[PDB]
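Only one chain comes next, encoded as structure tokens, the form deposited in one PDB entry.
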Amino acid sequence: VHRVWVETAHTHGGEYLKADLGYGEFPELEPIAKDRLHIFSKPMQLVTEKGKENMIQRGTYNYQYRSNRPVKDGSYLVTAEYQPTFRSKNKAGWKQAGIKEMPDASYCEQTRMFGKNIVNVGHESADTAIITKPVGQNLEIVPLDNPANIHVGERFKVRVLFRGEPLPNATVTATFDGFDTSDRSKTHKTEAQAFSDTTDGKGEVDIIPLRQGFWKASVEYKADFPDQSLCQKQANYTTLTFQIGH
């Protein structure tokens, strides 16, 4: 189960912003395999007051990105995208539903994944103007506060948007680097979460972090594909990564 998230290195004002595209099992960064290169055909983006700009893929490993120019103190976003892929799917094999799960009617599903990291450049940067503005991801987590203001046990409010509109009753989970240290023996399981709740009618939910560290919130949403003459289903997987304390 490979998912997309974004990591940013600790950055000061006046130096280049280094960021990492995570594709795999959080929190372990892995080189993008040959057969997956085509999925990440557009670079990660840096979102500042000037808007969105492409980052440059450079560094030792192919998941490393650098800002075009040095960045000044502020609170910015780094966004990544798994470009849409189509796959054939079929339903079968559940505990006590029934063997004949509509006996093999195959269907198309489009997979999209999105990542977004909140990066605070400068020790005292806690701005909200940039990071609280949606960037247009099909499924999006939008922070409503800067996580630099959130201490352990306090509420960090976020909003889930699907196709530009608030998504009620969506499940948002969250975990941190270090919570789950079991190995690759899962091989079918995502990591354990240290938080879970559902969004309210405004698409909003308060994440309550119980430990400091590097956190990842996750929401996924499966829906009908918009144009049914081309494909039937759409699966969206989105994360928001951020620091609490530390």
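Here, rigid core means the biggest group of C-alpha atoms that superpose within 1.5 Å across both forms. Positions refer to the first chain, counted from 1. First, how it differs from the form deposited in another entry.
- For the listed set 60, 181, 198, 185, the sole C-alpha moving 2 Å or more between the two forms on a rigid core superposition is that of 185.
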Given for the second form:
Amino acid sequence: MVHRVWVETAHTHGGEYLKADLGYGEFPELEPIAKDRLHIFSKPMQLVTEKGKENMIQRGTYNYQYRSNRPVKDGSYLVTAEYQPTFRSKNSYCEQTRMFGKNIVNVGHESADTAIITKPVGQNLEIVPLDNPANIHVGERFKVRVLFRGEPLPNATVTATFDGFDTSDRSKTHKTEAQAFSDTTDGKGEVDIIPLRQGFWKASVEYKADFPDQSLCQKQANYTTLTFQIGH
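Right, the form deposited in one PDB entry is done, so what does the form deposited in another entry look like?
Next up is only this chain, free of partner chains and other molecules.
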């Protein structure tokens, strides 16, 4: 199984702590980070608000569970997670792998702000929402932009699925990778996700390129995810 990174947040109101989960594995099944993988997630997930980025605290039964340091007010925030760069041999060349996850969390039933969630956080490969998904009904268009090394990335494939779309016969050795959406970005790096069902959605984009410093490593693979809610 190829493991990927995503973020999930609990439904949260103003005045309570924000609870979040680092998914490393096969969406949407959360799993504890294994002993031999703890070094990859050496930095905690981050909460992005008006005051910028802050670390979250790893609290809970399982090591993928985090909470905000302080109770959060009503608003629209980001929770980010990162697979720190790892190097492996392939064939024979070196490849660096990096993964990123970002969750849009609306704290409060009427929160649909865009000031925070539309600003890039600096992920090497990033999906930046250009609108708040709380305003998107089934069949409507939800515009995002893909950034690579800070610049818009054209002709990249963005796919998207939701929790419960593909469940038949899931096991440790079976499928459930079907997507309910796929399109490619334009010259501005933008693409409209069109959700056909309410629920917990995950959009995905990957980019393989040359590693910047060719004297040290040759290739670089990036896998980036954006999670959000459609409906209420």
